[PDB]
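Have a look below at one chain only, the form deposited in one PDB entry, in structure tokens format.
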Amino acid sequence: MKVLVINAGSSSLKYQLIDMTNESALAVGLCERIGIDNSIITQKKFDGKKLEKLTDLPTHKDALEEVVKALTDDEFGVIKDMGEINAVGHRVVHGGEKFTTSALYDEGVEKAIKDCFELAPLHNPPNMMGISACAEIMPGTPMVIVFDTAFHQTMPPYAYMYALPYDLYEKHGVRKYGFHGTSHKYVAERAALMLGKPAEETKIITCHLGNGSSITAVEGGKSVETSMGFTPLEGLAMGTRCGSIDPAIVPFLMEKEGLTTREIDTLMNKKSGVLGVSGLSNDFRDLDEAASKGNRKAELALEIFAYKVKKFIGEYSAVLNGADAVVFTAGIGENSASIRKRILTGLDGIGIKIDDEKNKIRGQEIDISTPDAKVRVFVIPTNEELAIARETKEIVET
């Protein structure tokens, strides 16, 4: 089965055609400057052939029509006709409580998606232009919407409910949702394979450490607890987000600094995290160098960041009653040997011990723990597009 994965932006459209037989990306592409002048589509075919075409792309529908032409090109394409695309997949952030699994697209899902957004306190609404264009160009092809909140819908009530007045949950839907679902589910699946046990028999803690960061406790293949909550702000300190602070600090700051609700929200989401502490950057690479060159604020920001991840590993070890493995993924998790070191030092007491040399390897699924450690520590690159395609294939199959 071949799956086309679409990711649409205001004036762009990224795509990948993936063969699910071998999970190989046959072609990867990008349409830019849509609705602008000098539109362009660029496609890379697996064997090192690149196609570029300067043509006008007024709307996402035009871009998608070109994408199909580029995929079927005699020499630079990978399929003979549009009919070889068995399904299309798209990722949306919030599915609230309406979406407990990925969904087959139709007029119903389009409305539910819009509602989930207007009820949620999220910033950027979902971009539907890619999804819409798809319905016109390929009416007969199954389309699957994948939600980042979906994977966490298996959480029990004592985990997702906040200790707030119950009516707020009922009147405004306030509860923990969780994000990065697609990433957590994918690496949890890879980790089970590396443990050599069927997923149902595994207990895994997954750490998606990127500009946004979240940890999930995966029991027997299902999410049972996660660090982000009602919004992506809860939990860990991140690039520009403060994470879980004393809630009383909010009105205190609003009275002291004379701030509006929008200002305090912006302060917590964009001026906090390691950026806010370091006074320097929200980029962990920059902080790491700065810290070595002796920059104290940068050193403090990385200490706070690693310390909080360490604590969550302890927290989810209790949730899971002993974990079989801890997984690191995303930008920081996959690439930073030093940040992994800061996080994993001082945990032998709970069965975690790593090998400094194995921890230096990069871009690979690898167990970096000593062979005698009770808890395995795996570094597993997350692959967004492939995860979305697997989700799409599962739905289109069943």
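Numbering follows the first chain given and starts at 1. Superpose the two forms; the largest set of C-alphas matching within 1.5 Å is the rigid core. Shifts are known only where both forms have a C-alpha. What changes on going to the form deposited in another entry:
- Of the residues listed here (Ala135, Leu259, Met194, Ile304), only one shifts its CA by 2 angstroms or more between these two forms after fitting on the rigid core, and it is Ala135.
- Core-superposed comparison between these two forms: the C-alpha position of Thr59 differs by no less than 2 Å.
- Here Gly351 does not count as shifted, since its C-alpha moves by less than 2 Å between these two forms after the core is aligned.
- Here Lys98 counts as shifted, since its C-alpha moves by at least 2 Å between these two forms after the core is aligned.
- Listed in sequence order, the shifted runs between these two forms are 1-23, 26-92, 95-145, 389-398, counting only residues present in both forms whose C-alphas move 2 Å or more over at least three consecutive positions once the core is aligned.
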The other form holds:
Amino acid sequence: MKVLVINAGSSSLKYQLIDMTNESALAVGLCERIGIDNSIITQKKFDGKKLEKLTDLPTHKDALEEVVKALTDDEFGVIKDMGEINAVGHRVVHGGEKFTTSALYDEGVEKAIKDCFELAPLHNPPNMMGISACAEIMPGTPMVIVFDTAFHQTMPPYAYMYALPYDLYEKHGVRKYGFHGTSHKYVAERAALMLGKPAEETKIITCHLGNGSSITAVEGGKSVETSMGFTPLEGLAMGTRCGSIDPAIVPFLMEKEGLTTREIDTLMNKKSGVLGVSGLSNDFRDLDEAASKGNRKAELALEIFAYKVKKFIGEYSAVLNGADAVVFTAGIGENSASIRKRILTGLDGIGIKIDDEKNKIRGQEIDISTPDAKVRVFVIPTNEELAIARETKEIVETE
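Moving on from the form deposited in one PDB entry, please list the structure of the form deposited in another entry.
What follows is just the one chain, with no partners and no other molecules.
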């Protein structure tokens, strides 16, 4: 069986065709600037051959057609016809209270996603677009949905409950959810393996740092606590997200600037984070370079980001009464060695120590902590696509 995993964003679309027979990633591509000028799609074959097509991509639909065209490229493709795509896995951030486990797509599931648009303004609408593009290009192909909140469902009440009037939890299902679950679960299993101990016996602090970032306290292979909550805004500072700020600032900023609830939401989700502090951009790579060239703002922005990650690391050490290892994955966590250093410096007092040199290695699963450090520090590249393709393989077969 072959599965196309889809990851949609407002104007981007990450895809990946995986051969479930030997779980090999036949091809990995990306569509950018969907809706802007100079639309483009890049693809990389398992043999290295790369493709790039400059062609206007107005909607996620057009891009999904170019995707099928790239996948079936006579020489740079990996298949002959669209029919070779047996199923399609989709990433969906919020499924709501009702949907928290991978599920075959149906009118009902589509209802829950849209209904949750307000719970994940930056992701669900775009994920939904990908799902639609999909239905407009390959209607006959089975579709499975995998939710970011799934993995965090084993949290205890004293953790997912907010200290608000109890009726809010009943009247509106307002509780902590968490996201990036599918990623936190994958790298967590990887850590258990690099530890040599069985999952049930390990205590790990997984760190997903990308456009969005979140930490999770995995005990015995199960999420017991996570940085994000009701929505993907709570927690760490991110690309354009403010994270856990004093809530009183909302009403305050609303009165002082006379902003509407809609506006204060867009401000917290699209104009804050490192973008808001740096005043430069949301790309941590850009910020890294700009900070190293003398831009105080970019410097301050990354300073706030690493420090916040550091505090959460200490915060989950108490939760787990001692963590065996800390895991860095995702865009920033896998590639950035500099930001990683910023996050881990000054933590030898809680067992964390790292080899500055081994820490300079590229994208490789490796222990970057001193061999004597009580706490291991793995840099594990994430692979949600496989996690999603695996989930998609099961649902479609098990009826």
